[PDB]
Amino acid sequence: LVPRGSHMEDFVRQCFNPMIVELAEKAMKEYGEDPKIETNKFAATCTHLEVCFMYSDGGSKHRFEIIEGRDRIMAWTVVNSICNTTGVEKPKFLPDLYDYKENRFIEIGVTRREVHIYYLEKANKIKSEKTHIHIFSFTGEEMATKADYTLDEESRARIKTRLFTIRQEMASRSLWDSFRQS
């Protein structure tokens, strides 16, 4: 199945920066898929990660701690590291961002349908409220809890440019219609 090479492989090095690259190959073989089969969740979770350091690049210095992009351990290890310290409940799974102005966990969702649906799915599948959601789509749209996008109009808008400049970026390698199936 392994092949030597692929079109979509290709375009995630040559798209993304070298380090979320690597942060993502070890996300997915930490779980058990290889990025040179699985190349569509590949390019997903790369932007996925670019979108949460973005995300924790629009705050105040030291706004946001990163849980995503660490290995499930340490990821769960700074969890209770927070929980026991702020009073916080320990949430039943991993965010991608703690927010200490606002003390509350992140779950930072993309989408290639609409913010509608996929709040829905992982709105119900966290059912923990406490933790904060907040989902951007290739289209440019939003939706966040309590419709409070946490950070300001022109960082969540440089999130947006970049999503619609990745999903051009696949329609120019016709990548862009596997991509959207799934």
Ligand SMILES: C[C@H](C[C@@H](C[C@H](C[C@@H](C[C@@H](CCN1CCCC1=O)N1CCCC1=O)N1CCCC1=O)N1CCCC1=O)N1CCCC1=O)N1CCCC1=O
Contents of the next structure:
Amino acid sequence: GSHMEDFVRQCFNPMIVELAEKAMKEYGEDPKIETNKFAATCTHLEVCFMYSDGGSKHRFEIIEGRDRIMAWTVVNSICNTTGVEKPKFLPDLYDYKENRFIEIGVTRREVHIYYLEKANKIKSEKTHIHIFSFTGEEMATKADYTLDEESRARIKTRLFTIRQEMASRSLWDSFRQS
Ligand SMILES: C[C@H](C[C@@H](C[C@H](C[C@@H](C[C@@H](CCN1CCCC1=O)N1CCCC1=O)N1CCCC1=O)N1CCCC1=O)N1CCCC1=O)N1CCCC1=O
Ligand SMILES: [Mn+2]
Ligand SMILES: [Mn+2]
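Can you give me the structure for the form deposited with this ligand bound, which would complement the form solved without this ligand we have just seen?
Full complex below, order starting with the chain above.
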């Protein structure tokens, strides 16, 4: 293994690592080689999970972290029972409160740039978007941030802590270049 893989293993909890490996292998990437993508997958998974935790008990359905076939199955059930249009790309969550899918992004650039990229990619219009960065900023569709301030603040703090740990291991720089 590499230093990035050992860091990933000591940084994220093991269930997150396992789901990241699964998701990456399902697309033919090897966690032990494409280690930057491994860290990014772990970070994105943890953010999705903290986010779904931020709501009320029954509020969100978690799409991310399932195998692709089961993810689309759950998306189909949500669409067929709520009547919301089927997105073109797998979202990360479904909000039963606001009645909408959510795409979550975690970026090492400007939340503006990544938001524009994702919103050009989606084009299905009704899928809410919520971007976080590793510097503490966030941006969301209709400036509607879904959760209260405190849950988003916890996510932002975690992102900055991951950033610092990577820097202490001199892995932040190459990570920030992908
Ligand atoms: C005990 C607790 C663990 C965390 C786990 C949770 C993430 C998420 C995990 C799985 C489990 C469902 N599976 C397993 C395989 C098949 C399948 O469908 N997936 C993936 C797809 C959807 C889903 O549900 N969920 C959500 C509900 C319960 C659960 O497990 N969350 C949420 C916060 C951050 C985090 O990691 N939980 C559980 C709820 C409270 C909590 O924090 N611990 C131990 C100490 C640290 C810690 O967080
Ligand atoms: Mn996703
Ligand atoms: Mn996402």
